[PDB]
Amino acid sequence: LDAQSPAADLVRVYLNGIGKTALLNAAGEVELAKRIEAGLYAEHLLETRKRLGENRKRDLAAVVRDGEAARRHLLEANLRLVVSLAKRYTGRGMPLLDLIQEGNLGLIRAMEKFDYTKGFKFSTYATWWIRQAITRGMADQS
Amino acid sequence: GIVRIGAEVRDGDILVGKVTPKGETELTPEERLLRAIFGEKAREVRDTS
Amino acid sequence: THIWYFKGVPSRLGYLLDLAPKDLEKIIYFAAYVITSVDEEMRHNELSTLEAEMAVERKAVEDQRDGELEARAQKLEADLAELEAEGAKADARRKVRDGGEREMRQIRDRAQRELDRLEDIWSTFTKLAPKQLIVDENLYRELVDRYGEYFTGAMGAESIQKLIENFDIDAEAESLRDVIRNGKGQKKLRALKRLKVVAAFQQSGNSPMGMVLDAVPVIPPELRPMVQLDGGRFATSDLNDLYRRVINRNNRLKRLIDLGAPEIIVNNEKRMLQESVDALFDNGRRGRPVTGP
Amino acid sequence: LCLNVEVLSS
Amino acid sequence: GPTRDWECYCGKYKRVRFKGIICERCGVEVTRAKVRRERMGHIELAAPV
Ligand SMILES: [Zn+2]
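Chains as they are written, first to last, in the working numbering: chain A, 1 to 142; chain B, 143 to 191; chain C, 192 to 484; chain D, 485 to 494; chain E, 495 to 543.
Where hints are given, some of them may not hold.
[To be verified] DSS-like cross-link-like pairs, simulated, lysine-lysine; straight-line CA separation at most 27 Å: (1) A:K121 x B:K160; (2) A:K20 x A:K87; (3) C:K375 x C:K318; (4) B:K164 x A:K34.
By construction, these hints were calculated from the structure, which means they are not laboratory data.
With these hints in hand, go ahead and build the complete structure from the sequences.
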C-alpha cells in the first residue's frame, strides 16, 4: 500500500511512554533507595573485593541488580512532576521538549547524588534541582 | 521568638531562638530572579540560638 | 534519515523497503519496535522442540490454574456446607455462592489471560519475518525475555540502515521481474513500480545507504550572512538558529550518553533530534513548522 | 543537501 | 582532601560507608576532615633555585 497518514505529536509520545508510571506516594521511596545505596556499596565492594569471586560475589550482584532495577523505577517515579514544572516555565520561546529534556537531565543528576538523610521530601529536592536546571537552560539560551 | 518576661532561666537553657540558613552554591542574578518568584524556604537552616 | 525520502510521495524508502508509510514513520518517530533479522532456518530445526517446551509450560500454567480452581471450589463448597449446617437464609447462601463463582470466573479468566498471551507470543514467534511491527512494548519485552535468541529487533533510523545494508537488490529485482512475467494486474502495477525503483537503484551503481545520514554539512558563513544592527542584534537568516538547535541537541545527546541513563530518555531525546534535522533540511514539510517570531 | 553534484569534465 | 568529612566533591560517594575510596567523577578521596590536616603539596619549578 502507499496511502499517506498524519504525523504524531512528540508530546503525545512522551505521555504514552510515561503512562505506565505509578507513584509510590512518597512512603516506600526510602526502601527503594536503601537498595540503591546497597547496590552502590555492593558495586564498590565488587571492585574492592574483586580479588574474591564466588556465589557470594553473585549475591552482591543480586543487591546491585536490585539497585539498578530499583533505580530504573525510581526515575520513572518523577516524570509527571518534572513535566509539570517544565510546563510551569513555558512561553519564553523554547519548545517544551527542550525544557523537559533539560529537566530530565537535572533529575538524573540529582537523585543519583541524593541520600534520604531524613531530609525534606525527596519530591521537593527533585523539584528544586529540576527547577534550577531549567532556569539555567533558559538563562543560557538568552 | 523570645522568652517571656518573668520566666526563670537555668544554666544551659535557651534564651532566644534564631535560625541560620545553609550554604548552597547559586546563580547571583538568574537564580535571584528564580528565588524571588519560587524556591521559598526550599533549602536548610541550622540552629545558633 | 533524510526527510526528502520517508516523507516524499512516492516515498522511495517505502517502495524500496516495501513498508507502508505508517510503519516507516513510526520508526522515524521512535514509536514502535521493529524486527530486523531472524535465523528462520535455525528456529526451524528445533521448532518441534520449541513446541514441546511450549506444551510443558502451558501444561504447567494449566496445572497451577487447575490447582487454584480446585482449592477455591472446595473452599466454596465447604463454606456452603457450613452455612447450610448453620441453617442460614438462602440470601446468605446466594451471596456466598455468587462471590465464590465470581472468584472462580476471575481465576479462570486470568488463566485465559496467561494462555492467550502465550499463544500470542507463539503466533508472533512462528509467523515472524522482517518488516513486521509490534505496537506494544510490553509484548516485545516479553518476547525478548522468553525467546531473545533468534530475532534481533530495535527501533531507530539505524535499524533501517542495518536492514538495507543487509538487504540485497538483485534477488528482489529478479523476483519482481518474475512476478511481472505473470499477470494479475492489481498486484502487477505495484510490482512494476517497485521493480522500476529497484532497477534504478541497481543501474545507478550506488547503494541505498545514502538515505541514512551520519554527517550533515553546513554551507559557508557568507551564504548565511551575519548581520549586526544598531544594537548588534542577530537578525540574519535563521539558518544560524536551526544550526544552533541541531548542534545544541547533538551535544546534549553526547553528554547524556556519557553520563548514562535508561533507554526511555535516550529515545525521547533521539526523537527530538530526528525532528530537528528534518526541520533544518526542510521546515513545514510535515507537522507543525517551527515559528520563532 | 547531501546531493553529490559532480562536474564530469570528461 | 574533602572540605567536609565523608563527602565527595560531586556527591557520588557522599554516604558514610564510603571510606578510603577515590571518586572517579570528581577524583577525590573520602575520609574525615582531619586528613586535610596531614597532606602536603609540592610546586614544580621551571628553574633550579
Ligand atoms: Zn565525587
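Taking the hints in turn, this is what the structure says about them:
1. A:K121 x B:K160: 23 Å, holds
2. A:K20 x A:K87: 20 Å, holds
3. C:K375 x C:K318: The hint holds at about 26 Å.
4. B:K164 x A:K34: It holds: about 26 Å lies between the C-alpha atoms, which stays within 27 Å.
Of the numbered hints listed earlier, not one is contradicted by the structure.
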